[PDB]
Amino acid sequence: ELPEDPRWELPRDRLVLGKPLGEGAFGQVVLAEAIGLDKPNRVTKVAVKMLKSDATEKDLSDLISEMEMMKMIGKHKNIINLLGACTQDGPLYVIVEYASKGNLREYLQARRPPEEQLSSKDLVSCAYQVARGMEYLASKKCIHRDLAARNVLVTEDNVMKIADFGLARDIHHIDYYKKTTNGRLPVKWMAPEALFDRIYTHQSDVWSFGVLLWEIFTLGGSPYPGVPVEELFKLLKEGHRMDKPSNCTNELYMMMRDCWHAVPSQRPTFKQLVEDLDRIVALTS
(Lines of atoms letter the chains of each structure in order from A and count residues from 1; the text may use other names and numbers.)
(Lines give C-alpha, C1' and ligand atoms only; values in the text may rest on other atoms or scores of the structure.)
Protein backbone atom coordinates (compact mmCIF):
# COMPACT_ATOMS: atom_id res chain seq x y z
CA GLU A 1 0.00 0.00 0.00
CA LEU A 2 3.05 2.25 0.70
CA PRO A 3 5.63 3.24 -1.94
CA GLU A 4 9.17 1.96 -1.69
CA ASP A 5 12.05 4.36 -1.02
CA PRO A 6 15.45 2.61 -1.18
CA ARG A 7 17.13 5.72 0.23
CA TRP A 8 15.67 4.91 3.68
CA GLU A 9 14.42 1.31 3.71
CA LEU A 10 15.77 -1.14 6.30
CA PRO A 11 14.70 -4.81 6.26
CA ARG A 12 12.42 -5.65 9.21
CA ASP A 13 14.73 -8.41 10.46
CA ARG A 14 17.46 -5.83 11.24
CA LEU A 15 15.31 -4.31 14.02
CA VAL A 16 15.13 -6.03 17.42
CA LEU A 17 12.12 -4.35 19.03
CA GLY A 18 12.43 -3.41 22.75
CA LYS A 19 10.61 -1.67 25.62
CA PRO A 20 7.82 0.88 25.02
CA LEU A 21 9.29 4.34 25.41
CA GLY A 22 6.84 7.17 25.86
CA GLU A 23 4.26 5.56 28.12
CA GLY A 24 2.12 6.32 25.04
CA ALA A 25 2.31 10.11 25.36
CA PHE A 26 4.24 10.72 22.10
CA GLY A 27 2.73 8.03 19.87
CA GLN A 28 3.56 4.33 19.80
CA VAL A 29 7.31 4.46 20.33
CA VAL A 30 9.69 1.70 21.42
CA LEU A 31 13.38 1.39 22.10
CA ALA A 32 14.98 -0.94 19.56
CA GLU A 33 18.31 -2.22 18.33
CA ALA A 34 19.14 -1.97 14.63
CA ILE A 35 21.69 -4.40 13.21
CA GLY A 36 23.83 -2.89 10.49
CA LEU A 37 22.37 0.56 9.84
CA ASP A 38 25.68 1.72 8.34
CA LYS A 39 29.37 -1.48 9.67
CA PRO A 40 26.92 -4.45 9.17
CA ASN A 41 27.73 -6.29 12.43
CA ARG A 42 27.24 -3.32 14.80
CA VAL A 43 23.98 -2.60 16.63
CA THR A 44 22.67 0.92 17.23
CA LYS A 45 20.09 1.85 19.83
CA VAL A 46 17.25 3.65 18.05
CA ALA A 47 13.67 4.66 18.72
CA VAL A 48 10.89 3.30 16.51
CA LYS A 49 7.52 4.96 15.86
CA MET A 50 4.46 3.05 14.62
CA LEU A 51 0.66 3.30 14.68
CA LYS A 52 -1.57 2.24 17.58
CA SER A 53 -4.04 -0.65 17.31
CA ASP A 54 -7.08 1.61 16.79
CA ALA A 55 -5.51 3.88 14.16
CA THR A 56 -7.48 5.42 11.30
CA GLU A 57 -6.55 6.26 7.71
CA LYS A 58 -5.86 9.77 8.98
CA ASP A 59 -3.47 8.35 11.58
CA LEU A 60 -1.44 6.59 8.87
CA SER A 61 -1.47 9.69 6.69
CA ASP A 62 -0.05 11.73 9.59
CA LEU A 63 2.84 9.34 10.33
CA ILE A 64 3.82 9.27 6.66
CA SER A 65 3.81 13.09 6.44
CA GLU A 66 6.07 13.30 9.48
CA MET A 67 8.48 10.74 7.99
CA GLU A 68 8.51 12.65 4.69
CA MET A 69 9.10 15.91 6.57
CA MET A 70 12.11 14.37 8.29
CA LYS A 71 13.41 13.26 4.87
CA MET A 72 13.23 16.81 3.42
CA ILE A 73 14.62 18.72 6.41
CA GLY A 74 18.00 17.02 6.45
CA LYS A 75 20.38 16.41 9.27
CA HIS A 76 21.54 18.47 12.24
CA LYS A 77 23.38 17.72 15.50
CA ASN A 78 20.62 19.31 17.61
CA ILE A 79 17.46 17.72 16.15
CA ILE A 80 16.10 14.15 16.23
CA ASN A 81 17.25 12.73 12.89
CA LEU A 82 15.54 10.15 10.71
CA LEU A 83 17.58 6.97 10.44
CA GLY A 84 15.50 4.62 8.29
CA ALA A 85 12.14 2.95 7.85
CA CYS A 86 10.31 -0.33 7.30
CA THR A 87 7.43 0.40 4.91
CA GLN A 88 6.97 -2.89 3.01
CA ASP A 89 5.15 -6.08 3.98
CA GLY A 90 3.98 -5.09 7.44
CA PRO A 91 3.38 -2.08 9.70
CA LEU A 92 5.04 1.27 9.02
CA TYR A 93 8.09 1.80 11.22
CA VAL A 94 9.83 5.17 11.38
CA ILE A 95 13.31 4.89 12.85
CA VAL A 96 14.82 7.92 14.55
CA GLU A 97 17.74 8.78 16.80
CA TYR A 98 17.40 7.63 20.42
CA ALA A 99 17.70 10.03 23.38
CA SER A 100 18.57 7.93 26.41
CA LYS A 101 18.26 10.63 29.09
CA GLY A 102 14.69 11.57 28.18
CA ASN A 103 13.31 15.07 27.70
CA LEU A 104 14.98 18.25 28.92
CA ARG A 105 12.37 19.02 31.60
CA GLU A 106 12.90 15.68 33.37
CA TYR A 107 16.62 15.96 32.91
CA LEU A 108 16.63 19.36 34.62
CA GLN A 109 14.32 18.36 37.49
CA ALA A 110 16.35 15.16 38.13
CA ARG A 111 19.35 17.45 38.70
CA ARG A 112 17.84 19.96 41.12
CA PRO A 113 19.66 20.33 44.47
CA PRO A 114 17.98 18.61 47.47
CA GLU A 115 21.62 13.30 39.48
CA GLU A 116 24.70 15.61 39.74
CA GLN A 117 23.96 19.34 39.72
CA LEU A 118 24.44 21.35 36.53
CA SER A 119 26.86 24.27 36.53
CA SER A 120 25.90 27.71 35.27
CA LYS A 121 27.80 26.99 32.05
CA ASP A 122 25.90 23.70 31.63
CA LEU A 123 22.57 25.53 31.72
CA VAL A 124 23.57 28.27 29.28
CA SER A 125 25.11 25.56 27.10
CA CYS A 126 21.80 23.63 27.10
CA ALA A 127 20.05 26.78 25.79
CA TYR A 128 22.66 27.36 23.08
CA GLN A 129 22.15 23.83 21.75
CA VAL A 130 18.36 24.19 21.67
CA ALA A 131 18.65 27.51 19.82
CA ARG A 132 21.07 25.89 17.37
CA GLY A 133 18.57 23.17 16.59
CA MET A 134 15.85 25.77 16.15
CA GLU A 135 18.12 27.99 14.03
CA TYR A 136 18.62 25.03 11.68
CA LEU A 137 14.91 24.15 11.56
CA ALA A 138 14.04 27.81 10.84
CA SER A 139 16.68 28.01 8.09
CA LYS A 140 14.85 25.02 6.56
CA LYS A 141 11.52 26.94 6.96
CA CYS A 142 10.15 24.56 9.57
CA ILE A 143 7.89 25.99 12.27
CA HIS A 144 7.73 23.78 15.31
CA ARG A 145 4.43 25.19 16.81
CA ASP A 146 5.03 23.43 20.18
CA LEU A 147 8.62 24.17 21.23
CA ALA A 148 9.07 23.41 24.97
CA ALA A 149 11.47 21.52 27.24
CA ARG A 150 9.24 18.46 27.06
CA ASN A 151 10.01 18.34 23.32
CA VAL A 152 13.77 18.62 23.75
CA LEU A 153 15.40 15.22 24.16
CA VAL A 154 18.80 14.57 25.77
CA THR A 155 21.17 11.95 24.42
CA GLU A 156 23.57 9.72 26.32
CA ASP A 157 26.25 12.34 25.57
CA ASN A 158 24.08 15.24 26.93
CA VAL A 159 23.32 16.48 23.38
CA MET A 160 20.11 18.53 23.15
CA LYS A 161 17.82 17.40 20.28
CA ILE A 162 14.56 19.04 19.24
CA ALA A 163 11.84 16.41 18.92
CA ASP A 164 8.50 16.31 17.12
CA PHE A 165 9.28 19.22 14.76
CA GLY A 166 7.66 17.27 11.91
CA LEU A 167 4.30 16.41 13.47
CA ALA A 168 1.13 16.99 11.49
CA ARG A 169 -1.18 19.13 13.62
CA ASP A 170 -4.44 20.76 12.65
CA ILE A 171 -3.93 23.99 14.55
CA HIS A 172 -7.70 24.64 14.28
CA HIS A 173 -8.27 21.43 16.31
CA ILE A 174 -6.08 22.18 19.33
CA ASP A 175 -7.78 21.50 22.65
CA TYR A 176 -6.78 24.58 24.66
CA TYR A 177 -7.88 22.86 27.89
CA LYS A 178 -6.02 19.59 27.16
CA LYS A 179 -3.25 18.90 29.72
CA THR A 180 0.09 17.14 29.25
CA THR A 181 0.65 13.86 31.09
CA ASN A 182 2.43 16.01 33.69
CA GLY A 183 -0.64 18.20 34.33
CA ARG A 184 0.46 21.42 32.58
CA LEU A 185 -1.39 23.26 29.79
CA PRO A 186 0.50 23.54 26.47
CA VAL A 187 -1.17 26.96 25.78
CA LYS A 188 1.34 28.37 28.30
CA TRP A 189 4.05 28.09 25.60
CA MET A 190 2.06 29.73 22.79
CA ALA A 191 2.72 33.26 21.64
CA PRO A 192 -0.38 35.48 22.09
CA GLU A 193 -0.79 35.84 18.33
CA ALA A 194 -0.69 32.02 17.98
CA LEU A 195 -3.04 31.45 20.93
CA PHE A 196 -5.56 34.22 20.13
CA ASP A 197 -5.31 34.38 16.32
CA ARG A 198 -3.96 30.93 15.27
CA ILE A 199 -0.98 32.58 13.53
CA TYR A 200 2.16 30.45 13.75
CA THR A 201 5.50 31.80 12.57
CA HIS A 202 9.18 31.53 13.34
CA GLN A 203 8.48 34.51 15.65
CA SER A 204 5.93 32.59 17.70
CA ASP A 205 8.54 29.80 18.03
CA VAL A 206 10.91 32.41 19.45
CA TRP A 207 8.29 33.29 22.10
CA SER A 208 8.16 29.58 22.98
CA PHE A 209 11.96 29.52 23.19
CA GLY A 210 11.71 32.31 25.79
CA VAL A 211 9.44 30.12 27.93
CA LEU A 212 11.88 27.25 27.35
CA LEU A 213 14.71 29.47 28.60
CA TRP A 214 12.62 30.15 31.71
CA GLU A 215 12.32 26.36 32.13
CA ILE A 216 16.10 25.92 31.93
CA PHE A 217 16.92 28.49 34.55
CA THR A 218 14.23 27.23 36.94
CA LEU A 219 15.63 23.68 36.45
CA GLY A 220 12.31 22.43 35.11
CA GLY A 221 9.91 24.94 36.65
CA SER A 222 6.24 25.04 35.69
CA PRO A 223 5.15 28.22 33.84
CA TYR A 224 2.19 30.04 35.42
CA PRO A 225 1.56 27.40 38.13
CA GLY A 226 -2.10 27.04 39.10
CA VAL A 227 -3.27 29.35 36.29
CA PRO A 228 -6.19 27.81 34.34
CA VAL A 229 -6.79 28.56 30.67
CA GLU A 230 -9.29 31.43 31.01
CA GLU A 231 -7.04 33.35 33.44
CA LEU A 232 -4.01 32.81 31.20
CA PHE A 233 -5.96 34.65 28.49
CA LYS A 234 -6.51 37.52 30.92
CA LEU A 235 -2.83 37.72 31.92
CA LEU A 236 -1.69 37.82 28.28
CA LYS A 237 -4.34 40.39 27.25
CA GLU A 238 -2.89 42.50 30.12
CA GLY A 239 0.74 42.07 28.99
CA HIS A 240 1.80 39.93 31.96
CA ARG A 241 5.37 38.58 31.86
CA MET A 242 6.88 35.94 34.13
CA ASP A 243 9.25 37.03 36.89
CA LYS A 244 13.02 36.69 36.67
CA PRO A 245 14.03 33.21 37.89
CA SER A 246 16.34 33.02 40.89
CA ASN A 247 19.97 32.51 39.83
CA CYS A 248 19.49 34.01 36.40
CA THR A 249 21.63 36.88 35.20
CA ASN A 250 19.86 40.05 34.19
CA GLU A 251 21.29 39.49 30.69
CA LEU A 252 19.60 36.10 30.28
CA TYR A 253 16.29 37.50 31.65
CA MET A 254 16.44 40.32 29.11
CA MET A 255 16.82 37.60 26.47
CA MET A 256 13.65 36.02 27.82
CA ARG A 257 11.81 39.35 27.83
CA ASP A 258 13.08 40.04 24.29
CA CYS A 259 11.67 36.69 23.16
CA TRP A 260 8.39 37.71 24.80
CA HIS A 261 8.16 41.04 22.91
CA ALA A 262 4.57 42.09 22.35
CA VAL A 263 5.36 42.89 18.68
CA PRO A 264 6.49 39.71 16.83
CA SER A 265 8.76 41.55 14.35
CA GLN A 266 10.76 42.92 17.29
CA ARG A 267 11.66 39.54 18.80
CA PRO A 268 15.19 38.29 18.09
CA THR A 269 15.73 35.58 15.51
CA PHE A 270 17.17 32.20 16.40
CA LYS A 271 20.22 33.27 14.36
CA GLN A 272 20.57 36.26 16.72
CA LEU A 273 19.88 34.12 19.79
CA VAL A 274 22.54 31.61 18.76
CA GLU A 275 25.13 34.39 18.36
CA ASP A 276 24.22 35.84 21.78
CA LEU A 277 24.12 32.53 23.66
CA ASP A 278 27.44 31.59 22.07
CA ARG A 279 28.92 34.80 23.53
CA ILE A 280 27.23 34.33 26.92
CA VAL A 281 28.53 30.74 27.14
CA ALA A 282 32.13 31.85 26.58
CA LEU A 283 31.61 34.30 29.50
CA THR A 284 29.84 32.00 32.02
CA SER A 285 31.98 30.52 34.81
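Numbering follows the first chain given and starts at 1. Rigid core: the largest C-alpha set superposing within 1.5 Å between the two forms. What changes on going to the form deposited in another entry:
Just one residue from the list 64, 227, 51, 248 crosses the 2 Å line for C-alpha shift between the two forms on a rigid core fit, and it is 227. The rigid-core alignment places the CA of residue 13 less than 2 Å apart between the two forms. Once the rigid core is overlaid between the two forms, residue 262 does not reach a Cα shift of 2 Å, moving by less than that.
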The other form holds:
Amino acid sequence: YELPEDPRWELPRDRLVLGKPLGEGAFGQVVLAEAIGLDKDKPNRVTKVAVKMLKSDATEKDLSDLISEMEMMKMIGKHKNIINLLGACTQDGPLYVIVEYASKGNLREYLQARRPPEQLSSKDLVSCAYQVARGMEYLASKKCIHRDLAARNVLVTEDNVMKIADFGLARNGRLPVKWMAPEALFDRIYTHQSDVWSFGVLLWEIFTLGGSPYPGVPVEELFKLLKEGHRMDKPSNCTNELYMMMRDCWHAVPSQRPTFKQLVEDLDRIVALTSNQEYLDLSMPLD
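In place of the form deposited in one PDB entry, the structure of the form deposited in another entry is requested.
Excluded here are partners and other molecules; the one chain stands alone.
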Protein backbone atom coordinates (compact mmCIF):
# COMPACT_ATOMS: atom_id res chain seq x y z
CA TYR A 1 0.00 0.00 0.00
CA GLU A 2 3.04 2.21 -0.57
CA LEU A 3 3.73 1.79 -4.30
CA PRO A 4 5.41 4.52 -6.37
CA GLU A 5 4.24 5.17 -9.92
CA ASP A 6 6.71 4.46 -12.72
CA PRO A 7 5.14 6.16 -15.82
CA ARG A 8 7.32 3.96 -17.99
CA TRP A 9 5.10 0.99 -17.05
CA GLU A 10 1.99 2.33 -15.29
CA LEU A 11 -1.29 1.55 -17.01
CA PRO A 12 -4.67 3.05 -16.12
CA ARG A 13 -6.42 0.46 -13.93
CA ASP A 14 -9.62 1.03 -15.90
CA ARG A 15 -7.88 0.10 -19.17
CA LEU A 16 -7.47 -3.48 -17.94
CA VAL A 17 -10.44 -5.83 -18.38
CA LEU A 18 -9.85 -8.90 -16.20
CA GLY A 19 -11.11 -12.26 -17.46
CA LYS A 20 -10.74 -16.05 -17.19
CA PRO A 21 -8.23 -17.17 -14.57
CA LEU A 22 -5.15 -18.79 -16.15
CA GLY A 23 -4.42 -20.42 -12.87
CA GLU A 24 -2.39 -19.30 -9.93
CA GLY A 25 1.34 -18.97 -9.31
CA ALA A 26 2.83 -19.93 -5.95
CA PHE A 27 3.18 -16.32 -4.80
CA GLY A 28 -0.20 -15.31 -6.22
CA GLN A 29 -2.64 -15.93 -9.04
CA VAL A 30 -2.68 -15.10 -12.77
CA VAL A 31 -5.70 -14.30 -14.91
CA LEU A 32 -6.20 -13.67 -18.61
CA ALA A 33 -7.23 -10.11 -19.44
CA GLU A 34 -7.67 -7.63 -22.25
CA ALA A 35 -5.67 -4.42 -22.09
CA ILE A 36 -7.18 -1.43 -23.81
CA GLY A 37 -4.96 0.99 -25.66
CA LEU A 38 -1.73 -0.70 -24.64
CA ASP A 39 -0.02 0.35 -27.86
CA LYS A 40 -0.49 3.97 -26.74
CA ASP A 41 -0.42 4.92 -30.43
CA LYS A 42 -3.43 2.68 -30.98
CA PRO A 43 -5.48 3.35 -27.81
CA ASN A 44 -8.60 1.84 -29.39
CA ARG A 45 -7.14 -1.66 -29.65
CA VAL A 46 -7.37 -4.57 -27.24
CA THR A 47 -4.38 -6.81 -26.49
CA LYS A 48 -4.70 -10.19 -24.79
CA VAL A 49 -2.37 -10.27 -21.76
CA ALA A 50 -1.53 -12.17 -18.59
CA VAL A 51 -2.00 -10.33 -15.27
CA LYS A 52 -0.36 -11.62 -12.10
CA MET A 53 -1.81 -10.50 -8.77
CA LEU A 54 -2.14 -11.39 -5.09
CA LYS A 55 -4.87 -13.40 -3.40
CA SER A 56 -7.21 -11.84 -0.81
CA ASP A 57 -5.26 -13.57 1.99
CA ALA A 58 -1.94 -12.38 0.59
CA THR A 59 0.75 -11.95 3.23
CA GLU A 60 2.83 -8.76 3.42
CA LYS A 61 5.87 -10.71 2.18
CA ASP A 62 3.94 -11.92 -0.85
CA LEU A 63 3.33 -8.37 -2.09
CA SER A 64 6.99 -7.89 -1.27
CA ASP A 65 7.84 -10.78 -3.61
CA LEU A 66 5.50 -9.58 -6.32
CA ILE A 67 6.97 -6.10 -6.46
CA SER A 68 10.43 -7.60 -6.33
CA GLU A 69 9.58 -9.84 -9.27
CA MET A 70 8.33 -6.91 -11.35
CA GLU A 71 11.45 -4.84 -10.73
CA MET A 72 13.71 -7.73 -11.80
CA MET A 73 11.76 -8.08 -15.01
CA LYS A 74 12.31 -4.37 -15.58
CA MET A 75 16.06 -4.82 -15.08
CA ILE A 76 16.43 -7.92 -17.24
CA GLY A 77 14.92 -6.27 -20.30
CA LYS A 78 13.06 -7.60 -23.32
CA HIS A 79 13.75 -10.62 -25.50
CA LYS A 80 11.70 -12.71 -27.98
CA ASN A 81 12.26 -15.96 -26.04
CA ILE A 82 11.11 -14.98 -22.60
CA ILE A 83 7.88 -13.83 -21.01
CA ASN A 84 8.18 -10.01 -21.07
CA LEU A 85 6.72 -7.39 -18.74
CA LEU A 86 4.19 -5.16 -20.51
CA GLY A 87 2.97 -2.80 -17.78
CA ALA A 88 1.63 -2.57 -14.24
CA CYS A 89 -1.24 -1.06 -12.27
CA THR A 90 0.32 0.13 -9.03
CA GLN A 91 -1.95 3.04 -8.14
CA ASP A 92 -5.33 3.11 -6.37
CA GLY A 93 -5.92 -0.56 -5.89
CA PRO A 94 -4.23 -3.96 -5.87
CA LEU A 95 -0.92 -4.36 -7.75
CA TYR A 96 -1.31 -5.76 -11.25
CA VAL A 97 1.86 -6.98 -13.00
CA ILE A 98 1.03 -7.30 -16.73
CA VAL A 99 3.10 -9.69 -18.88
CA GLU A 100 2.83 -11.51 -22.18
CA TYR A 101 0.07 -14.03 -22.86
CA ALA A 102 0.92 -17.55 -24.06
CA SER A 103 -2.29 -18.99 -25.58
CA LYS A 104 -0.93 -22.54 -26.02
CA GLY A 105 0.08 -23.54 -22.50
CA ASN A 106 3.53 -24.71 -21.44
CA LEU A 107 5.93 -26.64 -23.61
CA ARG A 108 5.05 -30.01 -22.01
CA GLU A 109 1.33 -29.65 -22.56
CA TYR A 110 2.04 -28.38 -26.10
CA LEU A 111 4.20 -31.40 -26.98
CA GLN A 112 1.88 -34.09 -25.59
CA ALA A 113 -1.07 -32.53 -27.36
CA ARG A 114 0.91 -32.97 -30.57
CA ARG A 115 1.77 -36.65 -30.31
CA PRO A 116 0.74 -39.04 -33.14
CA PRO A 117 -1.52 -40.53 -34.36
CA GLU A 118 -1.50 -30.65 -35.96
CA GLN A 119 1.88 -32.39 -35.65
CA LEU A 120 5.54 -31.47 -35.21
CA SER A 121 8.24 -32.08 -37.77
CA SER A 122 11.61 -33.22 -36.56
CA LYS A 123 12.78 -29.65 -37.22
CA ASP A 124 10.01 -28.14 -35.10
CA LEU A 125 11.48 -29.84 -32.07
CA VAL A 126 15.04 -28.74 -32.67
CA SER A 127 14.16 -25.13 -33.46
CA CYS A 128 12.03 -25.41 -30.37
CA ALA A 129 15.09 -26.28 -28.33
CA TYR A 130 16.88 -23.46 -30.14
CA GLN A 131 14.54 -20.74 -28.82
CA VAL A 132 14.66 -22.00 -25.27
CA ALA A 133 18.43 -21.79 -25.46
CA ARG A 134 18.27 -18.24 -26.78
CA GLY A 135 16.01 -17.08 -23.97
CA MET A 136 18.34 -18.84 -21.63
CA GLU A 137 21.54 -17.30 -22.87
CA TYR A 138 19.94 -13.86 -22.87
CA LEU A 139 18.93 -14.31 -19.20
CA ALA A 140 22.34 -15.81 -18.50
CA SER A 141 23.93 -12.71 -20.05
CA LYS A 142 21.78 -10.53 -17.81
CA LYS A 143 23.32 -12.28 -14.80
CA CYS A 144 20.03 -14.11 -14.26
CA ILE A 145 20.09 -17.72 -12.95
CA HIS A 146 16.79 -19.59 -13.45
CA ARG A 147 17.21 -22.40 -10.90
CA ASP A 148 14.21 -24.33 -12.27
CA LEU A 149 14.24 -24.75 -16.03
CA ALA A 150 11.82 -27.29 -17.52
CA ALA A 151 9.25 -27.60 -20.27
CA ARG A 152 6.52 -26.72 -17.78
CA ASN A 153 8.26 -23.38 -17.15
CA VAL A 154 8.47 -22.68 -20.87
CA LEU A 155 5.33 -21.30 -22.46
CA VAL A 156 4.21 -21.28 -26.04
CA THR A 157 2.45 -18.43 -27.78
CA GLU A 158 -0.20 -18.33 -30.46
CA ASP A 159 2.76 -18.10 -32.86
CA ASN A 160 4.53 -21.08 -31.37
CA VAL A 161 7.25 -18.98 -29.87
CA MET A 162 9.08 -20.53 -26.93
CA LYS A 163 9.02 -18.11 -23.99
CA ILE A 164 10.80 -18.92 -20.72
CA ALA A 165 8.85 -18.19 -17.50
CA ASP A 166 9.42 -17.48 -13.78
CA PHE A 167 12.96 -16.40 -14.44
CA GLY A 168 12.78 -13.46 -12.04
CA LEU A 169 12.16 -15.32 -8.74
CA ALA A 170 14.00 -16.72 -5.68
CA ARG A 171 13.45 -18.87 -2.56
CA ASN A 172 8.22 -29.46 -5.03
CA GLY A 173 4.90 -28.56 -6.64
CA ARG A 174 5.69 -30.61 -9.75
CA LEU A 175 8.65 -32.86 -8.71
CA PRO A 176 11.49 -30.40 -9.70
CA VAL A 177 14.33 -32.53 -8.40
CA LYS A 178 14.48 -34.43 -11.71
CA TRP A 179 15.74 -31.27 -13.38
CA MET A 180 18.40 -30.38 -10.81
CA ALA A 181 22.06 -30.96 -11.51
CA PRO A 182 24.11 -32.96 -8.97
CA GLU A 183 25.90 -30.04 -7.25
CA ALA A 184 22.52 -28.29 -7.11
CA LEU A 185 20.80 -31.36 -5.74
CA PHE A 186 23.37 -32.32 -3.11
CA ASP A 187 24.74 -28.85 -2.20
CA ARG A 188 22.26 -26.23 -3.42
CA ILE A 189 24.86 -24.75 -5.76
CA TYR A 190 23.02 -22.99 -8.58
CA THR A 191 24.91 -21.50 -11.51
CA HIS A 192 24.53 -20.98 -15.21
CA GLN A 193 26.11 -24.38 -15.79
CA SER A 194 23.65 -26.08 -13.44
CA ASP A 195 20.98 -24.40 -15.56
CA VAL A 196 22.63 -26.01 -18.58
CA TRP A 197 22.09 -29.38 -17.00
CA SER A 198 18.41 -28.63 -16.54
CA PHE A 199 18.41 -27.75 -20.25
CA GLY A 200 19.73 -31.20 -21.03
CA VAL A 201 16.70 -32.67 -19.27
CA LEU A 202 14.51 -30.18 -21.13
CA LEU A 203 15.97 -31.60 -24.40
CA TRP A 204 15.00 -35.03 -23.25
CA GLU A 205 11.44 -33.81 -22.62
CA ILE A 206 11.36 -32.45 -26.15
CA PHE A 207 12.51 -35.55 -27.93
CA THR A 208 9.98 -37.69 -26.06
CA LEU A 209 7.22 -35.29 -26.92
CA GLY A 210 6.47 -34.43 -23.34
CA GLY A 211 7.73 -37.30 -21.25
CA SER A 212 8.91 -37.25 -17.63
CA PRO A 213 12.60 -37.73 -16.88
CA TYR A 214 13.85 -40.89 -15.15
CA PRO A 215 10.61 -42.76 -15.97
CA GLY A 216 9.69 -44.89 -12.95
CA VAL A 217 13.03 -44.22 -11.25
CA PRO A 218 12.29 -43.75 -7.51
CA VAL A 219 13.21 -40.22 -6.48
CA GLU A 220 15.16 -41.43 -3.45
CA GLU A 221 17.08 -43.80 -5.73
CA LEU A 222 17.77 -41.02 -8.22
CA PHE A 223 20.35 -39.59 -5.84
CA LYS A 224 23.00 -42.33 -5.78
CA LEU A 225 22.11 -42.95 -9.42
CA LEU A 226 23.59 -39.70 -10.76
CA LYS A 227 26.57 -40.14 -8.47
CA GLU A 228 27.35 -43.53 -10.05
CA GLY A 229 27.45 -41.68 -13.35
CA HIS A 230 24.18 -42.92 -14.79
CA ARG A 231 22.16 -40.78 -17.20
CA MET A 232 18.90 -41.26 -19.07
CA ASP A 233 18.91 -43.30 -22.28
CA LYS A 234 18.67 -41.73 -25.69
CA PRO A 235 15.01 -40.95 -26.42
CA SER A 236 13.46 -43.10 -29.15
CA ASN A 237 14.61 -41.99 -32.60
CA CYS A 238 16.40 -38.90 -31.12
CA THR A 239 19.50 -38.37 -33.22
CA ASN A 240 23.01 -39.22 -32.13
CA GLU A 241 24.04 -35.59 -32.27
CA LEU A 242 21.26 -34.30 -30.04
CA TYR A 243 21.86 -37.10 -27.60
CA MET A 244 25.52 -36.11 -27.34
CA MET A 245 24.43 -32.56 -26.71
CA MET A 246 22.28 -33.62 -23.77
CA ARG A 247 25.07 -35.79 -22.45
CA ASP A 248 27.46 -32.85 -22.46
CA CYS A 249 24.91 -30.78 -20.54
CA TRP A 250 24.86 -33.60 -17.99
CA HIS A 251 28.58 -33.56 -17.49
CA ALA A 252 29.71 -34.66 -14.05
CA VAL A 253 32.05 -31.64 -13.68
CA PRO A 254 29.99 -28.51 -14.01
CA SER A 255 32.89 -26.50 -15.48
CA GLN A 256 33.15 -29.02 -18.31
CA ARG A 257 29.57 -28.55 -19.48
CA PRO A 258 28.75 -26.44 -22.55
CA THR A 259 27.32 -22.92 -22.27
CA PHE A 260 24.13 -21.48 -23.59
CA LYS A 261 26.23 -19.53 -26.11
CA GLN A 262 27.61 -22.78 -27.56
CA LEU A 263 24.27 -24.61 -27.37
CA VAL A 264 22.62 -21.71 -29.20
CA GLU A 265 25.30 -22.10 -31.86
CA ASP A 266 25.16 -25.83 -32.30
CA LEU A 267 21.37 -25.77 -32.25
CA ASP A 268 21.38 -23.00 -34.85
CA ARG A 269 23.42 -25.26 -37.07
CA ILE A 270 21.46 -28.41 -36.36
CA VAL A 271 18.16 -26.73 -37.13
CA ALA A 272 19.45 -25.68 -40.59
CA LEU A 273 20.25 -29.32 -41.28
CA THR A 274 16.96 -30.89 -40.10
CA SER A 275 14.05 -31.88 -42.39
CA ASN A 276 10.72 -30.12 -42.06
CA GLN A 277 9.02 -33.27 -43.33
CA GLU A 278 10.39 -35.83 -40.88
CA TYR A 279 7.50 -36.54 -38.52
CA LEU A 280 8.56 -38.64 -35.49
CA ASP A 281 6.76 -41.80 -34.27
CA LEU A 282 5.53 -42.43 -30.73
CA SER A 283 4.28 -46.00 -30.37
CA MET A 284 5.18 -46.13 -26.68
CA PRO A 285 4.29 -42.67 -25.33
CA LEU A 286 5.82 -42.57 -21.85
CA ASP A 287 3.88 -40.38 -19.40
